[PDB]
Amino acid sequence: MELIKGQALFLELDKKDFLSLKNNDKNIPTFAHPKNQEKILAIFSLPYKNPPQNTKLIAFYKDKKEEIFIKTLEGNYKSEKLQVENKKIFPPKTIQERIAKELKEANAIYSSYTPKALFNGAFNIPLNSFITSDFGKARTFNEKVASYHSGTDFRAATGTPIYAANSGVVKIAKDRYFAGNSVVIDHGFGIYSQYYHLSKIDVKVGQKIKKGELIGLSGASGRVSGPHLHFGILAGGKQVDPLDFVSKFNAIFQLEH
């Protein structure tokens, strides 16, 4: 198998007699295939930064042991230049305490695995506009700081209504230094959708949110070159190409009427 860095894969395995799926010493969680009752699924993601060159997964069965080899592909990501406020790439010392606390809070949330589906069928795109900055662009801020784009940006004037891409539970709903006003939704199975730089937040932590429900208004809060919506997906423990992930998820979990 081959996988571009920064993307997720849905691995399909036999359900009968399955015992565990591991990557080195790390157990990878599994969930039921919604269509095929003889199969289970697992999400495997490669990070954009510092992925391994190769991966060997091992699936253990009562009477089988299967090694699965995945080659990391570099992809064809391009570069872009952005101008932002200097304090958003070199934050004052008075602010680094908040940045560290916000980082620790987010790490805690993403390690809190929900072993059931909170979603309802396929994901929607949270905005009906167009991509202005695609996932994985290699970025330079102010000709000084290298970065990479960990989500996808959509055109949005300040005040554009933003709707939940799928049903789930709100885990973050507050102003953060870099992301600005942020909403993060747990959809189950380690899948989180992220909505950043908002001007207004319309949900609160712990809220059960349904697909298509208003979660806030787009803005220009946080580290920005101008107003837009940043949409992200964390899955398999990594930030992944969100629209690529949604296409792969929907191919499995979409429903009819």
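Numbering follows the first chain given and starts at 1. Think of the rigid core as the biggest set of C-alphas that the two forms share within 1.5 Å after superposition. Shifts are known only where both forms have a C-alpha. What changes on going to the form deposited in another entry:
Compared between these two forms on the core, the listed residues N142, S111, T132, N128 keep their C-alpha shifts below 2 Å, save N142. After superposition on the rigid core, the Cα of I89 moves by 2 Å or more between these two forms. Annotation: Cα of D175 displaced by less than 2 Å between these two forms, core superposition. Core aligned; runs of 3 or more residues with all CA shifts at 2 Å or more between these two forms: 79-94, 139-147, in sequence order.
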Contents of the next structure:
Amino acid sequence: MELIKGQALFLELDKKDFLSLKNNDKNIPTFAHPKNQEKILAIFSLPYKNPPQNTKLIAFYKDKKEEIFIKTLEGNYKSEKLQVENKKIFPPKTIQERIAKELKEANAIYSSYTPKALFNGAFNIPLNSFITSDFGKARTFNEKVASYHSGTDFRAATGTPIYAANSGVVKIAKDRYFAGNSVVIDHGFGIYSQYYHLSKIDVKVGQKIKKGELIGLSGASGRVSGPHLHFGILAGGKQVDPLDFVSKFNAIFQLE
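Would you mind giving the form deposited in another entry, to go alongside the form deposited in one PDB entry above?
For this one, just the chain is written down, with no partner chains and no other molecules.
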């Protein structure tokens, strides 16, 4: 198989006698195929930055081993040269401490795997507008990716109602330094949706939110060029192309 860097892929395997799916020594979790009871699924994601050129997964069964080969593709992402080197920025210590604490909190949240579905059918787009900044727009330094857009931006004047893309449990609902006012929803199976730069948060941590319920109002909080909604998906441990992910997920789980 082939997969563009920064995208997720739903791998299908036989359920019977399956033991484990591994990438080197890393275990990849599995979940049931919703329609074919003889099948299970796993989400494999390639990091946008510095991906391997190829990946070989091993599915271990009771009586056989299967190999899955995935070639990394570069895709057709927008890219331009970094005007100034991404040097060490030098924030005040109080800001450095906040950034580090919020990184630690986020890592803990994305490492807390929910082994059941919290979603309800297909994902919906969180608002009815249009993309203003595509996922995966990159800035390069000596033809090495220095930074990239890790979600997708939608046009939104400040105060635009934002709705949960799918049902789940709220894991972040607060102001963070870079993301601004942030909502992150766990959908199960290591799938998280992200809503950043909000002007108002209308949910609390731990809340079971239903698809299409209001989560807040769009804004321009945090690090932003102006008002908009930033929408992201983390799945298979990595930020992935969110609309591409929604299409692939919906092809499997839409109800039906």
